[PDB]
Amino acid sequence: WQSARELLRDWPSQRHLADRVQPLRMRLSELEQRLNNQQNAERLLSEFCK
Amino acid sequence: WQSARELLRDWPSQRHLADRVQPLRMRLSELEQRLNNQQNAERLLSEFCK
Amino acid sequence: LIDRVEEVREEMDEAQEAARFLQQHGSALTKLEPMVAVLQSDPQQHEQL
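Protein chains in written order, with full-length UniProt numbering: chain A, 495 to 544; chain B, 495 to 544; chain C, 891 to 939.
Hints in this document: simulated from the structure, not taken from any laboratory. Certain hints may be false.
[Stated by the list, open to error] Label-pair distances were calculated between CB atoms; the ranges are:
(1) A:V515 x B:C543: 37 to 45 Å
(2) A:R499 x C:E907: 25 to 33 Å
(3) A:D504 x B:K544: 27 to 35 Å
(4) A:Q508 x B:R537: 41 to 49 Å
(5) A:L538 x C:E896: 34 to 42 Å
(6) C:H936 x A:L525: 26 to 34 Å
(7) C:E937 x B:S507: 16 to 24 Å
(8) C:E896 x A:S540: 35 to 43 Å
(9) A:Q533 x C:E907: 35 to 43 Å
(10) B:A535 x A:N534: 36 to 44 Å
[What the hints assert, rightly or not] Listed below are the simulated SDA-like cross-link pairs for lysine to any residue, each with C-alpha atoms no more than 25 Å apart in a straight line:
(11) A:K544 x A:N530
(12) C:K921 x A:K544
(13) C:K921 x A:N530
(14) C:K921 x C:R910
(15) C:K921 x B:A512
From the three backbone atoms N, C-alpha and C, an ideal C-beta is built for every residue, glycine too.
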């Protein structure tokens, strides 16, 4: 019974958070491009400053 | 009884999504700063275009 | 032209309203959740039952 109540408590959270996947995917892509630009700028800075 | 069932259904979702306000808060701060930069870029683009 | 700031703002409105409701009725919901089943049984309806 306790496990069942815990499971049915999880189910609300489970669906609500699983709905969040796709918006987070684009956020991850954007953040990846941000990191890529960060490395590009850092590299270019290093080569010039040498 | 039915109203209580619906209330206990929504309430965990309310608790689940309440914590996201602060992560959302910084999210919109960053997003609106980005939008300010985008508006500035668009304005400056148009400014030079002529 | 993401213009998602409006969407994020709506999400904030909903989530802050949820937090406000949690503050408003958190104790009541916690006291209700362990003995919810009683609502299905109304005293006179116990006799009719």
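| Which earlier hints turn out false for this structure, listed by number in ascending order? | 3, 6, 7, 10, 12 and 13
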